[PDB]
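This document opens with one chain alone, in structure tokens, the form deposited in one PDB entry.
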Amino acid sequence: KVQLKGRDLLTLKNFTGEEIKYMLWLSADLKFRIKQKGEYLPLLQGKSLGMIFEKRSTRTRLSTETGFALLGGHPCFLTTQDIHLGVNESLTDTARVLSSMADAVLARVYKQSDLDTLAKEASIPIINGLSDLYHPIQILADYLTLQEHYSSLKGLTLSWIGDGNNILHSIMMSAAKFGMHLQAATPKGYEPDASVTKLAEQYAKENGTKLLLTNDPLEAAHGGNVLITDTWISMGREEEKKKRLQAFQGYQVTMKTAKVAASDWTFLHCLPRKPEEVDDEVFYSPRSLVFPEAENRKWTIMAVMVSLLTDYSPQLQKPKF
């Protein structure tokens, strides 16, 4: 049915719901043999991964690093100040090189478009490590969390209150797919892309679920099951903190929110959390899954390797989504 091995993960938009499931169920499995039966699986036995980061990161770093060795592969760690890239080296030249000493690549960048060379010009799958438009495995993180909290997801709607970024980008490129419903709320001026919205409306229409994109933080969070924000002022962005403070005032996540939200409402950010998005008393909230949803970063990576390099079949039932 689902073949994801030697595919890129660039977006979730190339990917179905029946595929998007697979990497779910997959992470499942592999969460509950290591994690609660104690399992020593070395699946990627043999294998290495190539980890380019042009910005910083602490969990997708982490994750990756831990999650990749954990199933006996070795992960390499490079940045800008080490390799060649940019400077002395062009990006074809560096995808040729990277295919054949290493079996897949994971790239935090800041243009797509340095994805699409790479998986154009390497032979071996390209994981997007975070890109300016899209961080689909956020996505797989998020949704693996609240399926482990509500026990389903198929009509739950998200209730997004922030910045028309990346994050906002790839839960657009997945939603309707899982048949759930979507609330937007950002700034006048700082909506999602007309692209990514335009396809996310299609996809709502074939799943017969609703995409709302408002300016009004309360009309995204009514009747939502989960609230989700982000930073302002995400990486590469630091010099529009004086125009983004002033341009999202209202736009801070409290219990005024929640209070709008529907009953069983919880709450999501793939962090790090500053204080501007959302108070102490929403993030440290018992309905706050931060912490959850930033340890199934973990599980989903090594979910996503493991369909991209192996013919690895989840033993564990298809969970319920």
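Rigid core (definition): largest C-alpha set, two forms, superposition within 1.5 Å. Positions refer to the first chain, counted from 1. Compared with the form deposited in another entry:
For the residues 234, 99, 215, 117, superposed on the rigid core between the two forms, a C-alpha shift of 2 angstroms or more shows up only at 234.
Switch from the form deposited in one PDB entry to the form deposited in another entry and print that structure.
Here we give the lone chain, stripped of any partners or molecules.
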């Protein structure tokens, strides 16, 4: 009863829990057949993907490139020195050329509005590879990982400790739909987007789930099942970016932070990780799901591509969510 074929994945805001669940289900299916059973499934044979990156990457680049190729399609890697975007060409014109030459586009851009324009003009699916506002494909990998750990998701309390960035916005746009609670801590002045937050409340209300916003790392960690953080220091090289080193004091996740969380707690980090966000004790702790989380970036982006470009239907039995 889920029809995803042909849709864009710009943000989890537009997907119902039933649809996001279909994608994780497909993720499990694909992982089972390929990784466990060892089968070869050329589901994307004859297809191509335009990967436009305005920023560095490895996790997204690698997972998306090997993933698309693993199903028989051809991934096409493009950067700012390749595209004419911004320099020698409009956006409406680029969306049209791409729409006749690729079957889908995955774009990592600075502005979310650019993805909106792109989708408005393109006639092939547009997938958000990360933007200022959201990073939905990261959340898909996170949930599948949590699912693989706890056997279900409903009821879990996610504790966010870090900046009010794209990861949190994507978590806010989806946690409630899985019946999960969200307790988030961000320094004053680094709150998540006001309109995003306003929508997370409504989701929390419609699904009977908790939504706690605080500036206290420990208040957020308190009672949580999953501790989640992410690099908060800006790449903006500057001895004046100390503001973040000064505003984020007490945010480093350590065993102290875990002391106040649920006993069955696990840890998540989208990577790359630095020694500020979390220490090595928690990070390399057997409670850390960082690496299984990274690997799931591959299976989930594969699932996204398959469900937006094919009619393939899952073999595996629907997982317990």
